[PDB]
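Just the one chain here, the form deposited without this ligand, laid out as structure tokens.
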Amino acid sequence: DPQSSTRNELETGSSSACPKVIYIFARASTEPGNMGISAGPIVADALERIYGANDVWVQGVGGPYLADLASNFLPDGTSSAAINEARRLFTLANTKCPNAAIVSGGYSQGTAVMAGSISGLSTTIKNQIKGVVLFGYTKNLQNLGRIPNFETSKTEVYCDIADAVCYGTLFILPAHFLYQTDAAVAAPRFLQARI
């Protein structure tokens, strides 16, 4: 499969051609584009082959989400700027396509983007988000395995045991990508079952 680290299908999408699924993703620290090159596109590919590329809009959280190392250490685990950009994309999804199933994901830092943005969204927009997958959730223990104010039923955390940040340890840049299987198999099935 082509690997596209920049996906802007919500941004450029027409409210005259709303898809069945809108898939929004926040990448890990240091990853290129707005999708990164690991869990982001793996999930993108996996969903597009469940429903067809035409019936899924794939959107990265780019712009002011720079995915830098320093932001992991801030109280929220990422920047306010990144959180606000993700809020803006969720709102744009609801605005453009209120009847579409929103699903989203985050890997490492991108999970903090997801937690911080989604926790602040309206009842209406949250209800539109059918499922959220959090690979290497860096605030896992701190946030009690959930996104605040977002249904735990619609939320899945993926942690590998070699991932100490999932389990309270202060942030370290992951030396290895640990979520190939979770991203390829478990996550797209969890999302599909909520669409």
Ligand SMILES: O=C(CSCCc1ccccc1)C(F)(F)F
Contents of the next structure:
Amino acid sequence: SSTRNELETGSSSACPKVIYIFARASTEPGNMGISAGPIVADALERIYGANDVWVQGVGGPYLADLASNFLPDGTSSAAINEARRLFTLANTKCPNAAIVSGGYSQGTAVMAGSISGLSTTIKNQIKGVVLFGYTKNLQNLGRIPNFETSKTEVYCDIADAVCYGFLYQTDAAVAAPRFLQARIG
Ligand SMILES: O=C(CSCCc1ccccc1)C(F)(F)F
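The form solved in complex with this ligand is what I want next, because the block you gave corresponds to the form deposited without this ligand; please supply it.
Next comes the full complex, this chain leading.
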């Protein structure tokens, strides 16, 4: 459940309802990690059908190392390009799937940096984005640059220091799936 590649591996003859793309926290294993990621993946699969959700982690060159949190974008440029690559693949393979996405900690910076740079038509296919412990919360004014704020939800705990420039279990299991579901329609 730490590694999910249903989008890379998916065929455009079998497009699902939902494509879910997740960027993990620093240090987490796989491309999904072991906290926020799998929890949102399971909630979505419960709502829509395991067969009607493609779950996809941002792996490849997104190494999730701590040092990269200090780069100007809060992550590496290769992690950002890999998330872009993946959203782009979702749109080429399945232009009608609802794309939803999530990030936890540094993955939050992968989500904000990739989405802010994508085309109008790709961003339109992204129906919802959930950010858990958003490391660029203050810098980005609680939103993703160039992406509609009604589609964005930030879970930023009062005691979460990264939010001022595992605390999110009920956010991930309960509040995030509902937010996403309200917009997948
Ligand atoms: O991916 C995240 C990166 S933010 C961690 C960097 C940091 C945390 C607390 C205090 C100083 C620096 C995390 F590692 F999951 F938290």
